[PDB]
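J.: Go by the hints and put chains C, A and B with the ligand onto chain D.
There are 4 protein chains.
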Amino acid sequence: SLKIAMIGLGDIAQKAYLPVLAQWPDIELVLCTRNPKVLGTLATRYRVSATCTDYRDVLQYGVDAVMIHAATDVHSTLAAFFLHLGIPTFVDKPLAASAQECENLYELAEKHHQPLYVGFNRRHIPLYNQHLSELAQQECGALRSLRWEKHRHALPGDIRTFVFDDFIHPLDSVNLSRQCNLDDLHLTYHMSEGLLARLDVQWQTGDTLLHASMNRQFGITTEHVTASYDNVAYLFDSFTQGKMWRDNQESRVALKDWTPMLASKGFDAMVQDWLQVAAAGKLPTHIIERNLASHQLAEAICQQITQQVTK
Amino acid sequence: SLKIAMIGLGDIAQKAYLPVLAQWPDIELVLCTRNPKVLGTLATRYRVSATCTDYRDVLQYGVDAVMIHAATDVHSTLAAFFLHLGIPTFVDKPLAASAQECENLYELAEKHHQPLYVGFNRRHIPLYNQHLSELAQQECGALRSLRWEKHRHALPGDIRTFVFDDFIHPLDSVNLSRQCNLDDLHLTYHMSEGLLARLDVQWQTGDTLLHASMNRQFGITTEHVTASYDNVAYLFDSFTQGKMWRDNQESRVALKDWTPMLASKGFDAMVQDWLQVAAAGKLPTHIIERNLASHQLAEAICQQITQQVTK
Amino acid sequence: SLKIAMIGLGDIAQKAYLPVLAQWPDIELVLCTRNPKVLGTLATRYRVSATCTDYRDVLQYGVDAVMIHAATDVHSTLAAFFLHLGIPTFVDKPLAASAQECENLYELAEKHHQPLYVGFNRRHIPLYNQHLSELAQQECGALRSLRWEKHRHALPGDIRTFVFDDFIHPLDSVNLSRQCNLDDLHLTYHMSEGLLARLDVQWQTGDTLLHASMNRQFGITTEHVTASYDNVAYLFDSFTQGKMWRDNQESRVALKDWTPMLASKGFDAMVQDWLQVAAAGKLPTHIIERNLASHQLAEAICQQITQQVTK
Amino acid sequence: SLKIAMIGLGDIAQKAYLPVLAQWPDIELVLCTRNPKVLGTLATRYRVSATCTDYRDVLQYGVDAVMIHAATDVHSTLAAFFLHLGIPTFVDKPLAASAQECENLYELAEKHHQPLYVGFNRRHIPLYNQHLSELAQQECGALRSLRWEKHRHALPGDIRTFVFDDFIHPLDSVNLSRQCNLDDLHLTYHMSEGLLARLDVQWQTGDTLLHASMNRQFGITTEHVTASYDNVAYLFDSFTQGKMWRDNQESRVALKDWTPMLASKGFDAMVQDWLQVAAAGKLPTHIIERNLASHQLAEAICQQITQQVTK
Ligand code: NI
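Chains as they are written, first to last, in the authors' numbering: chain D, 2 to 312; chain C, 2 to 312; chain A, 2 to 312; chain B, 2 to 312.
If you are wondering where the hints come from, they were derived from the structure by calculation, not from laboratory data. Warning: the hint list may mix true and false statements.
Which copy is meant is left open, because identical chains are indistinguishable; a pair holds if it fits in one copy or across any two.
Unchecked claim - The list that follows gives simulated cross-link-like pairs (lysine-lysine, BS3-like), each with its CA atoms no further than 27 Å apart:
hint, residue 1, residue 2
1, 94, 112
2, 38, 283
3, 16, 257
4, 244, 257
5, 266, 94
6, 16, 266
7, 4, 112
8, 283, 312
9, 4, 38
Isolated chain D (complex conformation):
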C-alpha cells in the first residue's frame, strides 16, 4: 500500500490527478491546499479524511511521497522542502521557471538520494507507446523521423511562458535524444506584435530527425504526431485515433472503446510509473537526464529568441 500527499489543488490537480488517484486502489491520499473552502469540498467529494492547509503539516502523516500541482512560482520552494526532508517528490512541468533552478533542484535531490519525478504525460500516451516502442523506451530506436505538432488558435504569448509552459510538451516528447543546447539544431520562429506566435525546433542525431512544432496563431487548436521508420509510418491526429501506413496501404489504429479520457492522455500510465519510482525510491538516470536536457534546451531556446529579438 502507498500513502501520497497532493499539494496545490488547482485546475490540473482537480481535472486529472485527483480523479485518477482517488479511485486508485491501495493508495491513501492526503489533500493539501491553501484555500480551506476548496480543500473541504474536494476532501468530501472524494472522501478524504487526510486534510491539510499548511504543506508543512504534511510531515504529520508519514507520507511515502508528495505530488506538487501548484503554480511554477512555488515549485522549487515546495519541492526542496520535501526533498531535503527525505521524501520522493513529483512535480508538474515545468520543474522550475529556469534551467539553473532545475539543476539545483536535482542537485538537492541527489544530495538526499531522493527521486524527483517531473510530470510529462506525453511520454506515457497509451496509443502512441503501443505502436511506437521507441517512445515507451524513450530512445530513438529505429525511428527515421518524428514530428510533434501542438498548435493553438489565436493565442500568442511572451517568450518565456510560451516555451517553458507549453512548447516544452512537444519539445520534450520529441527529445528522444538528450539535446540540451542549440548545437547542430535549427531554431525558427515568428513573432506577432511583441509576442511569440510559432516556434520550430528541429535537429538530427544519428539516423533520426526529431522535430518539435508549435504554432499558436494556427487556424485551429490541435495536436498531431507523425513518425516514420523504413517503409512504415504513423500519423496520429489525436490521442485516441491514428493512421498506420505500410505496404502502401492505410489502416486506422485506435484505443479500445470505453478507455477513459484521462487514460488516453496518459495520466493513468504516468501515475503508474510515478508510483513505481516512489516505491523503489529511485528514478532511472536517463529519465533524470531527459528532464534536465528538455529544461536546458528550453532555456537555450528562450535566451536565443530573446537575444535575437532584443538585438
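T.: Quick look at chains C, A and B with the ligand alone, frame taken from chain D:
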C-alpha cells in the same frame, strides 16, 4: 491558333501532355520521336498528320513553338537547337542534369530573345492556387509557413536522380523566395544501403518558413501540402481535397466535381500559361529566376550530400 | 443533497454508474449486492460505509432513491419492492424482458405516485443534444429524418436478448414519435445460422422518417447517427466527433476537449436528470410514455420475428 | 474495327462520351446533331471527318451502331428510327419518359432482333466492381445489405423528372433482383413547397436488403454506397475512395493514382461493354430484364407518389 511540335513522346508525354494538347482547340500538333513505331501508334491514336523522327525536320512544318519531353540527358541539346533558331521552347522539368547547363540554356535564351518555359505543374494546381494566392502569385505574401511533402513507398534512389528528377517538385513548389543555395538553410537526409532514402530541406525567408520534405522510404505513397497564415491554415492530402482551419473550426475544401484528372494536377492550367508565354514570345523575369534558383538549389543539395556521404 | 442506494453491482455498474456517482457532489452512496466479496472490494475502492447484501436492509439507511443495476430478470422484483415502499426508483435499460411487466411496473408506480426512471443514456448524448434540439427536447421538430446505426462485429444472438438488451438502444433513441407497435412500420431482419444477425426497423411519423439499424454481424463495431433537416444534415461517427453539412459545405463538429469519457456517453447528463427527477418525486409524462412505447415496440418486434421464423 | 454514330451532342456527350470515344482505338465516329455551330466545333476539336446534321443522313456511313445522347422527349423517336432500320442502339438514362414507351421500344428491339443498351454507368464503376463482385455480376449474391445514397443540396423537383432523370441512378444500381413494382417494398418520401425533396425505396429480396435513397434537399451534394456481407462491410464516400471494415479493423481502399476521372465514374468500363455488345449484336437477357424492371419500378414509384399527393 498555334502550331506546336512535340519532341520526345515518352511516359509523361503520353500520360499527361499529349492527351491534354490533343484536346486543346486551335492547336496543331506535330509529333516527333525517335521510335517510328511509337510515333505512328500515337499519331494514329491522336489522328495527327505532321509526323517526324528527326527533331531537325520539325522546322519543315513551320512550328510556332516546341515542347521537349525527352530524357534529361538530351534537354540541352534539343533546347539549344530551337533556341538558336529562335523558337519559344518548352522543356519538362528538370531543365537539365546540372545548374551549369541550366544557366547556359537561359543565357542562350536571353541572347536570342526567346522564352524558355520549364514544366512545373505544381505551380498551377487549381485547388491550391484557389486558396493560396501566394502560389498563384509565386510570392511569399502572408504565408507564415508552407510545407510540401511528397513521399513514396519503398523506393530509394541515387542522389542525382532523387534530387533532380523527384525532389525538384516539392523543392521548387516551396521555393517562393527564389532560394539558390544553402545559406541559412537546414538540410537533413538519410542514406540507406547506398541510396538516398529521405531528404528534408527547410529555411526561413523573412516571416515565412519554407519546407520541402521527401521520404522515398515512407509507409505509403502520398503528397501533402500544409500552409499557414496568421490564424489561418490549410492541409491538403491530395490535389482534390483538403481541410481549411479558421476561427478554430475545420471545414472541407475541394475541387469541383467532374474536373478532369489531368486538370486537377495542374496540367491544363500550365499548358495554358505556356501557350500564352509562347504566343507572347515573353516569359516574366521572376519566373525565370525561380527556375534558375530551384535548379541551382538542387545542384547545391547534390554536391553536398555526395560530398558528405563520401566521408 | 441526496442518499442514493445502488442495488446490483454488475459490469455496467462498475464501468459507468458507480464511477460517476462516487464522484458526484452532495450524494451519499449505499452499495448493495449479492456477492459480499465484490461488495466489499468496490466499497473499499470507492470509500463507502453504507454496505449491504440484502436489498431489504437498504431501507435502514433511509435512502432517498434506489438505482437497480441487477440482471433484467430481477428488475420487476426489486423495482416493485421500492416502488411500493414509495421511493423514486431508477432501473437500467431494459426495464423488463416484456412489455407486460413494463406496463405493470408503471401502473404500480402511478398508484404510489413515485417516479420510475429508465436508463437510456443515448438520450443525453452531450454532443448530439447540443446540435440537434429535437433529441434534447425529445420531439421530431424539424427533423426530416433520423437514422441511428449501431453495429457489432461477429456477435449474433437470440431474438430476445438482441432486442431487449441491445437494439432497444438505437430503437428508443430514434423513437421520437412514441411508436408502440408495427403500424405503418417496415421491419426487416436476417437470421444467420440460428441467431439474429441484423435488424432494421423504420417508419414515418408525419414529415419525419425514423430508422433504427443494427447489424451485429458487421465488418466492424461502430455506431453512426445521421440526422437531416431541410438543406441541413449531420453525421456522427462517434459520440465525440461528427460532420455538419450546410450550404453545401462540410464542417467538423466535435465535443469539447477534456470531457470525461463517461460524460461523452451521456452518463453524467443522465444521472443529472435522474437526480432532479428523484429529488422532485416527479417524472414528466412524455417521458414515461416514451419508455412504455419503446418497450412495447421491442415486444412487438420480438414477436413478429419469433413467429415469422418458426412459421 | 468499329464505326459508331453519335446523335445528339449535349452536355453529357461533350463531358463524358465524346472524350472517352475520341481516344478509343479502332473506332470511327459520325458526329450528328441539330445545331451546326456546336457540330463543327466538336468535329474539329476531336478531328472527326464524318459530319452530319440529320439523324436520317446517317445510314450513308454504314454505321455499326448509334448512341443517342439527346433529351428524353426525343429518345424514343430516334431510338425507333434506328431499331427499325436494324441498328444496335445505345440510349442514355432514362430510356424513355414512361414505362410504356420503354416496353414499346424493347418490343420493337427484339422484333428487329437488335440490341438496346441503356447507359447506366453506376453498374461499371471500377472501384466498386473491384471489391464488390456482386455489382459486376449484377446479382444479389452474398450481399446482406446494399444502400446507395445520392443526395443534392437545395434541388427539389417535380416527381417525374426527380425520379426518371435522377433517382433512376441509385434505384437501378441497387436493383439486383429486377424489382418492378411496389410489392413487398417500402416507399417513403417528403414534399416541400409543392416539390419532391427526398425519396427512399427499400425492399428485401431473399437475404439481401436493398435500399435506394435520394434527398435532394440535403445539406450537401454527395453520393454514398454502403454494402454489408457477413462480418464484412464497405463504405464509399466517393467513386475513388472508401473504407473496408473486416475483422473489426478499418482500412482504406482506393483507385490507383492517375486513373482518369471519366474512368472512375465508370464511363470507360461501360463503353467497353457497350462496344462488346454492339459488335456481338446480342445483349444478355438479365441486362434487358434489369433495364425494363428499373424503368417499370420508376413509373410505379411515380404514379404512386403522384396519386397520394393528389388524393
Ligand atoms: Ni435546433
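J.: Should residue 4 paired with residue 112 be assigned to within, between, both, or neither, using CA atoms and 27 Å as the limit?
T.: Within one copy only: 24 Å inside, 51 Å across.
J.: At most 27 Å between alpha carbons: which applies to residue 283 and residue 312, within, between, both or neither?
T.: Intra 44 Å, inter 43 Å, cutoff 27 Å: neither.
J.: Pop the pair residue 94 and residue 112 into one bin, within, between, both or neither, using alpha-carbon distances up to 27 Å.
T.: Answer is within: at 22 Å inside a copy they meet the 27 Å cutoff, but 59 Å across does not.
J.: When no copy is named, should residue 244 and residue 257 be tagged within, between, both, or neither for a Cα gap of at most 27 Å?
T.: both (15 Å within a copy, 19 Å between copies)
J.: If the cut is 27 Å between Cα atoms, do residue 16 and residue 257 qualify within a copy, between copies, both or neither?
T.: For residue 16 and residue 257, the Cα distance is within 27 Å both inside one copy (22 Å) and across copies (14 Å).
J.: Within a copy, between copies, both or neither: where do residue 4 and residue 38 come within 27 Å Cα-Cα?
T.: For residue 4 and residue 38, both the intra-copy (23 Å) and inter-copy (23 Å) Cα distances are at most 27 Å.
J.: Given a CA cutoff of 27 Å, do residue 266 and residue 94 count as a within-copy pair, a between-copy pair, both, or neither?
T.: For residue 266 and residue 94, only the intra-copy Cα distance (15 Å) is at most 27 Å; the inter-copy one is 31 Å.
J.: How do residue 38 and residue 283 come out at 27 Å by Cα distance, when the copy is not named: within, between, both, or neither?
T.: The answer is neither: 36 Å in one copy and 33 Å across copies each exceed 27 Å.
J.: One pair to classify: residue 16 and residue 266, alpha carbons no more than 27 Å apart. Within, between, both, or neither?
T.: both (12 Å within a copy, 18 Å between copies)
Taken one by one, the earlier hints fail for this structure at numbers 2, 8, listed in ascending order.
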